[PDB]
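Before I ask anything, here is the structure I am working with.
Here the complex is missing a single protein chain, while all its other protein chains stay put.
Chain lettering (A, B, C, D and E) follows the sequence in which the chains are written, and residue indices restart at 1 in each chain.
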Amino acid sequence: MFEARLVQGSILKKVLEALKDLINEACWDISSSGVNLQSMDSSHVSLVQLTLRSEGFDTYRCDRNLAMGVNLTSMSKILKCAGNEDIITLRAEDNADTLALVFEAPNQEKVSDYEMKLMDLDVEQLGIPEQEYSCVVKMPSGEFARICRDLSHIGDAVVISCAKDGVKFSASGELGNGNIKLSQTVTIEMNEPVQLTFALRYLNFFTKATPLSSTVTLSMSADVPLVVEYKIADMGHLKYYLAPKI
Amino acid sequence: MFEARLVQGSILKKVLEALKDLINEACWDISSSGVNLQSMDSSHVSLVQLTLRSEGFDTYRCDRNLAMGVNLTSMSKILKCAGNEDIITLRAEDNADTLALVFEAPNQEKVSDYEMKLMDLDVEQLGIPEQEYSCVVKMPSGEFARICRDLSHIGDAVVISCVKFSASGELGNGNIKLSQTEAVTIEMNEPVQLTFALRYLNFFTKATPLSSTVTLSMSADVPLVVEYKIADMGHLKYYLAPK
Amino acid sequence: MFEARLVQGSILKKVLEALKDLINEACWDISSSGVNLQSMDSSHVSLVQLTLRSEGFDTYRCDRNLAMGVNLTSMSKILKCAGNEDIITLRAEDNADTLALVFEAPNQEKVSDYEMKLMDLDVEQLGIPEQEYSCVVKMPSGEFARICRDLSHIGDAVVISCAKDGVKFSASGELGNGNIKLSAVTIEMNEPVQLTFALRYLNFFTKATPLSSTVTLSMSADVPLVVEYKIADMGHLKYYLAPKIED
Amino acid sequence: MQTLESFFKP
Amino acid sequence: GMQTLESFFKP
Partner (left out) sequence: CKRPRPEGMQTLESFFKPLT
């Protein structure tokens, strides 16, 4: 049995918008520490990791532990029906193939109930080791989204180059090439500098999280996946992982 | 010699947006009491009944009733050429091949004149009686739109049930509960629980901009009626049969 | 080496909106004096002619005249990458197989370099003598564009009819007909003129509409219509359209 | 569904 | 229903 109420349902809505153009089915891990989701996309080339800590739900009760197999697509059409100012409660009989979703509102006048079936889902979890990356780049999440859109008109892979006082972005295609250089304000923290290439198609799904945070942080190291993180204030985060190109 | 000036042009634009998506052709009947229109979607599952009182208009002239065969699409196209602050005039002559829409721009700056070709047309009409509806729900248009736009993604049919809208499909189901009073009133003499096609309700709701309120009206085993009132001059009632 | 710096780059941006749609390849003539682009559209029924004066830029540098073969689609795509408030700088070498475009944020913190593979084309330029027009109309950019938008939902050409106190645009079609009478609107008319133009082409021109808040239409009996959008203390975009003729 | 004219008088 | 600009302006 799990029940969880959220005063800022605003967020769930956006979480699901993030997750939804990337993966269609996933598995929600529910515990008393909170709500966790790990999923790769269908190519096993990116992966998304979601955490919504119990201490952030304006009401939390996980009774026993619980893995809910969910069509994110379905779920996305449901959270789209939530008003933006709506209080979103979740609830799940401690098994039965069905998760429940309540949208209360401002002046307690309208109340929306949706029940979505769920799914025996045999999905595959990876263990990501604890580590720290050579380069940690912090930038305004907006600035990063438009960067990936811009360069994505030029080419389809981006070359990210980290250095003491700045980071660079480069692409090239049958049109020419282009290069975007940002430099310490946009923050860097770096042991050894880095240079990898990543596929914009996936980056450009990641920035769909952009409304969750005003900042985004990428982490890198030689010949290992990029980490793209968004801090969901007071509450947890969305990491995307992307394997480097080549 | 029909003539109808309307100092709030927008009313008419909103009117044509409200119809053009449901019905493509239609007979505009003009009389001294004002303007009227009745027409079923080609499905024949619904119709719209329009009423624009002669008092509505700032000026109104008519010495011969008149049934104008209008292509609503090309009327919409034209009316998209009206400016929202534009005064609008509709004029048609005793004898009918064309309708004429003038858009006088506020400040004596520009006039535009559009003569629309009319079609000789035979659109069926239905007599609908004045009756007592078990329930009459009232509420803000805005909300009632969102509810259809919402449940559209769940199923293709809503069960209305004094007040509760609800639906369901392959993924699961949903419902929305409104009571009391953002002003949502009820008038009830009998529980009622019909089933309508969202496709249609979603057409009806293009009328939302004419009115911050909508009203539902229903009774068992009979068509739903949804109504938006063009302020201080009339109404736009849609009717839909249940499944 | 060529080098134009335009601090207020939203302008290069609009110029490509205003061109890419009518023509997709052009030849940028660069020189002491400035930039010059003249192309016919593809049917030869219409022509655009751009001038950007050197004294118009914030910074200008030319050592050898240049005809640069540019793919306009590609350049608008790159330009579409600029911040509405970026300083933009065109650079190219004489070598020349490659025009650079640089976008620098007004804090010198973000800076983009997009450098564009060039092209090679022969392009029929056209002799266009300075001439008087027997009638000329000033008008709001916006109002001209709605008028053309409007009218093209009724018919596919517009009779532009001029008087000493009125301009009337009229169109005609399967659904019926329409006209719009116009009495910042000014007519300087050495004599009356009525002529008919294709709304397609006009509807491309009106795109320059974001470059200026005024537009002028210049015309006379059997000579192409001219529609001019003046780019503030810098130059212009002028479009030419041949009048419709008896079939 | 049933057309609207299985409910209305002509 | 139109004519080419080469009619009006000389190459």
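Rule of thumb we're sticking to: a residue touches a chain if its C-beta (ideal position, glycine included) is under 8 Å from a C-beta of that chain, and two chains touch if they have at least 3 such contacts.
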item	value
Residue among A:8, A:10 or A:46 that touches the chain left out of view	A:46
Sites on subunit A contacted by the missing partner chain, in the whole complex	40, 43-47, 124-129, 157, 199, 201, 224-225, 241, 243-246
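Here is the rule we go by: only the chains that are shown with their structure count from here on.
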item	value
Where subunit A and subunit D are represented by their mean Cα positions, the distance between them in whole Å	52
Rounded Å distance, subunit A centre to subunit B centre (Cα mean)	44
